[PDB]
Amino acid sequence: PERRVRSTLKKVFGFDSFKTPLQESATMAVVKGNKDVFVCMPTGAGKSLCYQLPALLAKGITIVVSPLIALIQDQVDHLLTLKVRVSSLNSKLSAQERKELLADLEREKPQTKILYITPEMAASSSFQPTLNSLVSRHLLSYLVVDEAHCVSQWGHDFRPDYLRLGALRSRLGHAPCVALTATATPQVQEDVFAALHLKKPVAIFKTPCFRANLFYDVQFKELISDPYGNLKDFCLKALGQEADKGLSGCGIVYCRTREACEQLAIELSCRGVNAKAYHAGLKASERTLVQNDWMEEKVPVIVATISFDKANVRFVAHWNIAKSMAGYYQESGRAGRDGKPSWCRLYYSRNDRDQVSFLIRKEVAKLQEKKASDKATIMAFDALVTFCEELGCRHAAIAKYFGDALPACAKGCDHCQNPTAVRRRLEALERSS
Amino acid sequence: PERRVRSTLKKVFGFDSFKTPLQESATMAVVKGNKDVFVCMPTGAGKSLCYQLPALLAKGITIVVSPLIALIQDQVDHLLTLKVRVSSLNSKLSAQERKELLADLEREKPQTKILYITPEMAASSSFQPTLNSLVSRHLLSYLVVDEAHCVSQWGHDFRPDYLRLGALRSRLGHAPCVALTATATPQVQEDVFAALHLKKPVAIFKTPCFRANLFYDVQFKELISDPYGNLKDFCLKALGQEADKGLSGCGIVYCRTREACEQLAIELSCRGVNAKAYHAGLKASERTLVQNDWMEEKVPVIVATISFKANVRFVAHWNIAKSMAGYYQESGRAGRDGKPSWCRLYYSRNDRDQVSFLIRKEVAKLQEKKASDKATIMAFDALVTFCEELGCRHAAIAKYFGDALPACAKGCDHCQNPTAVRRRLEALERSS
Amino acid sequence: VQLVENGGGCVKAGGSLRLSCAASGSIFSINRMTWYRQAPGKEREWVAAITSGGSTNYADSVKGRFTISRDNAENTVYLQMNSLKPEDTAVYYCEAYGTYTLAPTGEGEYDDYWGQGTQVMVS
Amino acid sequence: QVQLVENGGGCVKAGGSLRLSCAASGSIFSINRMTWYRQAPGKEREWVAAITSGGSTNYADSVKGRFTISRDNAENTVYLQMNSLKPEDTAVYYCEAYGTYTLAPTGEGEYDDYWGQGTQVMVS
Ligand SMILES: [Zn+2]
Ligand SMILES: [Zn+2]
Numbered sequence: 012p013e014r015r016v017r018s019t020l021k022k023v024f025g026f027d028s029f030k031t032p033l034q035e036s037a038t039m040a041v042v043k044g045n046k047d048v049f050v051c052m053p054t055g056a057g058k059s060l061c062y063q064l065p066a067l068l069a070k071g072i073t074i075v076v077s078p079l080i081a082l083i084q085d086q087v088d089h090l091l092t093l094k095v096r097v098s099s100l101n102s103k104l105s106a107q108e109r110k111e112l113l114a115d116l117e118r119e120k121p122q123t124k125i126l127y128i129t130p131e132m133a134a135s136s137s138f139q140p141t142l143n144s145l146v147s148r149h150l151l152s153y154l155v156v157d158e159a160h161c162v163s164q165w166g167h168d169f170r171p172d173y174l175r176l177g178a179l180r181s182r183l184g185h186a187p188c189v190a191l192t193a194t195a196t197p198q199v200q201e202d203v204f205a206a207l208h209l210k211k212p213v214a215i216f217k218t219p220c221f222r223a224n225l226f227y228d229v230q231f232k233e234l235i236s237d238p239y240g241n242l243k244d245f246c247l248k249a250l251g252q253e254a255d256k257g258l259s260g261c262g263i264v265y266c267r268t269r270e271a272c273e274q275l276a277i278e279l280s281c282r283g284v285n286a287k288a289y290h291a292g293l294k295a296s297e298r299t300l301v302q303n304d305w306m307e308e309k310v311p312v313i314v315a316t317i318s319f324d325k326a327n328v329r330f331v332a333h334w335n336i337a338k339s340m341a342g343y344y345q346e347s348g349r350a351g352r353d354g355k356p357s358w359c360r361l362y363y364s365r366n367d368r369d370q371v372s373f374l375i376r377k378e379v380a381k382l383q384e385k389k390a391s392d393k394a395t396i397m398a399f400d401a402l403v404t405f406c407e408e409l410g411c412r413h414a415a416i417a418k419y420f421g422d423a424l425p426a427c428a429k430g431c432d433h434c435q436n437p438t439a440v441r442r443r444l445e446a447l448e449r450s451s
Numbered sequence: 012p013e014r015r016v017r018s019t020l021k022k023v024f025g026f027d028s029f030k031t032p033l034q035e036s037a038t039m040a041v042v043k044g045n046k047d048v049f050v051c052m053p054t055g056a057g058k059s060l061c062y063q064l065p066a067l068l069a070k071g072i073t074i075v076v077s078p079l080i081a082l083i084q085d086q087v088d089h090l091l092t093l094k095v096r097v098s099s100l101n102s103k104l105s106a107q108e109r110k111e112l113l114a115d116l117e118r119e120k121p122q123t124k125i126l127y128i129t130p131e132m133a134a135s136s137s138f139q140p141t142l143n144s145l146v147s148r149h150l151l152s153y154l155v156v157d158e159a160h161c162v163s164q165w166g167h168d169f170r171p172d173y174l175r176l177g178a179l180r181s182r183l184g185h186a187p188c189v190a191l192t193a194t195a196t197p198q199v200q201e202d203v204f205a206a207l208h209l210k211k212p213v214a215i216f217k218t219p220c221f222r223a224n225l226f227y228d229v230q231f232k233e234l235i236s237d238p239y240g241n242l243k244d245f246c247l248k249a250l251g252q253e254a255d256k257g258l259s260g261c262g263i264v265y266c267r268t269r270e271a272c273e274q275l276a277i278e279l280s281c282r283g284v285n286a287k288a289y290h291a292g293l294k295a296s297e298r299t300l301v302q303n304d305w306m307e308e309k310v311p312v313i314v315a316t317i318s319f325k326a327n328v329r330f331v332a333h334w335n336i337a338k339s340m341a342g343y344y345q346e347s348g349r350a351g352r353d354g355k356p357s358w359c360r361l362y363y364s365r366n367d368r369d370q371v372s373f374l375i376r377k378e379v380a381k382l383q384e385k389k390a391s392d393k394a395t396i397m398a399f400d401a402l403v404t405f406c407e408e409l410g411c412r413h414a415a416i417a418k419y420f421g422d423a424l425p426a427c428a429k430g431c432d433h434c435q436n437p438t439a440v441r442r443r444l445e446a447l448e449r450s451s
Numbered sequence: 002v003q004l005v006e007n008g009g010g011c012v013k014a015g016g017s018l019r020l021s022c023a024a025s026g027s028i029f030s031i032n033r034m035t036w037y038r039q040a041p042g043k044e045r046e047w048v049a050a051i052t053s054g055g056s057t058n059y060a061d062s063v064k065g066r067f068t069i070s071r072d073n074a075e076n077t078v079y080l081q082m083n084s085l086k087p088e089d090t091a092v093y094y095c096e097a098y099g100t101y102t103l104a105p106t107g108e109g110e111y112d113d114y115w116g117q118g119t120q121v122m123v124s
Numbered sequence: 001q002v003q004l005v006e007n008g009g010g011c012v013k014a015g016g017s018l019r020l021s022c023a024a025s026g027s028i029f030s031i032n033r034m035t036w037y038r039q040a041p042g043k044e045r046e047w048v049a050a051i052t053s054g055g056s057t058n059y060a061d062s063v064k065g066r067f068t069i070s071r072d073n074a075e076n077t078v079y080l081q082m083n084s085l086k087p088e089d090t091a092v093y094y095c096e097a098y099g100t101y102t103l104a105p106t107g108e109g110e111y112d113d114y115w116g117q118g119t120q121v122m123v124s
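Protein chains in written order, with the authors' numbering: chain A, 12 to 319, 324 to 385, 389 to 451; chain B, 12 to 319, 325 to 385, 389 to 451; chain L, 2 to 124; chain K, 1 to 124.
Just chain A, with the same shape it has in the complex:
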């Protein structure tokens, strides 16, 4: 029950309350085990606990799969430092240690509560009799699969062994499963559901993407006569919520070419607002020093270029549209990460859109020369372009592409606030283009 899971989390994670009500629901569903559950959260949201808690709650020896051995080691260490029973059947284990782990899994009453194994290990013939014995004795309480998005080629990560993990799910069908993912699109979610052969009735727990504190708005460089002045005005309005509050937060700007970021930073400094390029060409020491300077309030807005994170950032200017819509959302997430309100602004231009499309096509062709991933990234770029040109609720488009529940943003959305202005901007773009 609720008390049992709360006590288990206090003993393991030491959290007085769950990170999010979605985590409550996902953990309840996993503990119930009535059917599979597909739960997705961003990194750092304690998504692993959703399967760690029920795995220990159930008497059966739960088994989980993760792609990386560095990852598997990190989670095993994190569970060990919390006294949580855990083991790894990776090839790194010494011959004697590997045999001991195999015997412990094979023998009745496995000592390990949750056992992590790399996807290829489940395909290894050595573990086959072990899995047969566990399924015969229904020793596998739950079968969670970390990084479930790797099964789908459209996701940022792909692993050929997740196809075999699907067949493994086909085994021990009596026990349910838990599918984790950092960022899963509805197409990716459907692909994961179909490949893993999960029992069709599944409770999906995906965090909504709208940020009541965050605000979005798209701008057209051609429409604005002085885009630099518009950016300066946006920075001035964002760095201070009120006159008494004064300057607060930080700012970041992205670009594809280091020279572009250098020029943008030079222009910003000329205007009056301090800004450092922080581009890749800048040496490592200089880059980290610029990042540290931007962390404090000394630099109202420091150009980030390829990479930034920061606790609270007021805005994130996108002079050049991102390569992927999901990538753009992740870039904007660090903006306003704290509970304070934030304002996000894009700078979409036809020339920049064409340039990024050409670069993406060239990259896809190069990758194909050495196919599904190219199509997926092209689709992400097209979705980002549509978001830029979509004349409607921005959070609605974000939810549509990520497939999470649509938003109800009464305030904090440009389209929902002044739809007439959005229509006017769209008409202006159409006349210009």
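Mixed in with the good hints, there may be bad ones.
[Unchecked claim] Some chain B residues flagged as far from chain L (calculated, every beta-carbon gap over 12 angstroms): (1) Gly55; (2) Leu79; (3) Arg148; (4) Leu150.
[As the list claims (entries may be wrong)] Estimated spans, in silico, between C-beta atoms of each pair: (5) A:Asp88 x B:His149: 37 to 45 angstroms; (6) K:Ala74 x A:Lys120: 48 to 56 angstroms; (7) L:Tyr59 x A:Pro212: 34 to 42 angstroms; (8) B:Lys22 x A:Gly184: 28 to 36 angstroms; (9) L:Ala104 x K:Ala74: 51 to 59 angstroms; (10) A:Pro212 x L:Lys13: 19 to 27 angstroms; (11) L:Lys13 x A:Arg441: 55 to 63 angstroms; (12) B:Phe169 x K:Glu88: 56 to 64 angstroms; (13) B:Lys22 x A:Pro212: 34 to 42 angstroms; (14) B:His149 x K:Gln1: 24 to 32 angstroms; (15) L:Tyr59 x K:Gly8: 28 to 36 angstroms; (16) B:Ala81 x A:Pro212: 24 to 32 angstroms; (17) B:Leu174 x A:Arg96: 52 to 60 angstroms.
Bear in mind the hints are in silico, worked out from the structure with no lab data behind them. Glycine residues also receive a C-beta, built at the ideal position from the N, C-alpha and C atoms.
On the provided structure of chain A, position chains B, L and K with the ligands as indicated by the hints.
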């Protein structure tokens, strides 16, 4: 799992396996607890074990309800001598004992595995808060209703508190139910299902009526030239299966009037076969002496009359039983052993009228003190029809007890010579 | 044991029509045979039932609409509509309340079994 | 939760025509594919046709000559157009909506498919 069931059986029961495969299936279904179960076996079949094993196996507490407190005490003692823990909620128990039982029930995870409560106490307000606490803690696992036929006024026995036991079952519906009976009439079975409020889907486990070693047939007094000679022939044939075997087994003759049974015994003595009246007129010591003499081979066939052996060759019915269930019970006395046995009934127009008058008098006496009398009259009419039916006898018995019809390829009077049965019925119709 | 429907068809107004619901397997007796109406986006409502011993129960409009007759020995029930109308048009389902089945092994079932549906429309 | 309902069911003469419409109830993002199924009393269920997102359609040649399916994801509605009807296709038509995906502000969803009530049809 089956391994746990066998381990418990060896622990509390001391048996290698269930005595009856039907009992094993019923116990497995009860252990599964997927839904309610109804069971009906004769005395000594092992229903006690059937509803005791899952209670011990189940992690939660089981609540058993029995009408007579004496039976509750007997079952409590039988469980005490065994490994299973048991307790009694009798009001006659000492105030200290009652308080201890109430505290144990209220305490979380009570040590008791099966708890017995008489229906009167179950309906009492004192037991109400305890039940509320148990249902709040969902400690209750199964609800066994022993002698469930008492709810149905049509059954042999009746208990008004079972109407309240039905609502009791209504509480804590998550716990499956186990409705046990000794003799389940299909109408009584439906009445038990409806009154106790069991879930619509239930697995019924009834012991078939037919026995491969038992034979049934009716010879009409008017049809037979001399019923005494026919009874003598039946006794002689059933006493020895083969000429080499010789006289073996035991015999029994039933009648309504003790004087009639004494007359029958003297007539058998006149024939030449040793017999004992064993009737109400016979003194108690003489009654025991006659019963003993019957148990030995010194008396091939003795008259039993009202009162009742390890192996009886046959069960003759001079006067047809007033209750068809009574006829079945009398027949069961015969063929209890593994060797083959035969059963004959003496139904005639005069005998039919006599038993009808007796049943009418019994119904009038009962009414002087409706559904119970109606059931008794229905049983009498069913027995009359069975004596005058045109078909398999075992099938008719099963229909009266409402179980699956038999596959009696051999050992059935109708199957062996259906033409003979038809001719006998035609002769009876011509005479009547 | 499953229930099977037969005799389903759309008949013009004022035209009688016969439906039959038959059980599968060996059932010793059925407590009653009840029928249920059903319409798109509408729960299934009881209309009439026939109980062993000649007892039968209808409703006002149901009685004025059709007549039912069930038999445990035959282990089947038959519905007969007289003077059908466009107003009374709905798919039908069978209750089979208190269906008591059993085998010589003694394993039985007292659950009520529902069969497939049979629709009827009238011009 | 999602609920499915049929609309436009009735018996017509040979060579007639009509439409069987199926919709959804609640908040649904997108159905993987809507798959009708034909099943009649005493007749085993048969894969009759199916429509998936993007316009791709699957069906049987005999059913193609008989019927044709077409659905819209934005409307989340699938219509089976009856043309040149024949008395052989008299089975009750159930609406599958294979691969339903539900969303709520709380994040809880449901991937299970929801089957509709359906409706039959007869011909002279
Ligand atoms: Zn909006
Ligand atoms: Zn027979």
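Structure-based check of each hint:
no.	hint	verdict
1	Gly55	17 angstroms, holds
2	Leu79	27 angstroms, holds
3	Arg148	30 angstroms, holds
4	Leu150	28 angstroms, holds
5	A:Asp88 x B:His149: 37 to 45 angstroms	39 angstroms, holds
6	K:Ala74 x A:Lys120: 48 to 56 angstroms	54 angstroms, holds
7	L:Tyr59 x A:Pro212: 34 to 42 angstroms	40 angstroms, holds
8	B:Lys22 x A:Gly184: 28 to 36 angstroms	34 angstroms, holds
9	L:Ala104 x K:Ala74: 51 to 59 angstroms	55 angstroms, holds
10	A:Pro212 x L:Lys13: 19 to 27 angstroms	44 angstroms, violated
11	L:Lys13 x A:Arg441: 55 to 63 angstroms	57 angstroms, holds
12	B:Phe169 x K:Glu88: 56 to 64 angstroms	60 angstroms, holds
13	B:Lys22 x A:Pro212: 34 to 42 angstroms	40 angstroms, holds
14	B:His149 x K:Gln1: 24 to 32 angstroms	27 angstroms, holds
15	L:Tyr59 x K:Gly8: 28 to 36 angstroms	32 angstroms, holds
16	B:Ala81 x A:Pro212: 24 to 32 angstroms	52 angstroms, violated
17	B:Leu174 x A:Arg96: 52 to 60 angstroms	54 angstroms, holds
In summary, the structure is inconsistent with hints 10 and 16 from the numbered list given earlier, while agreeing with the others.
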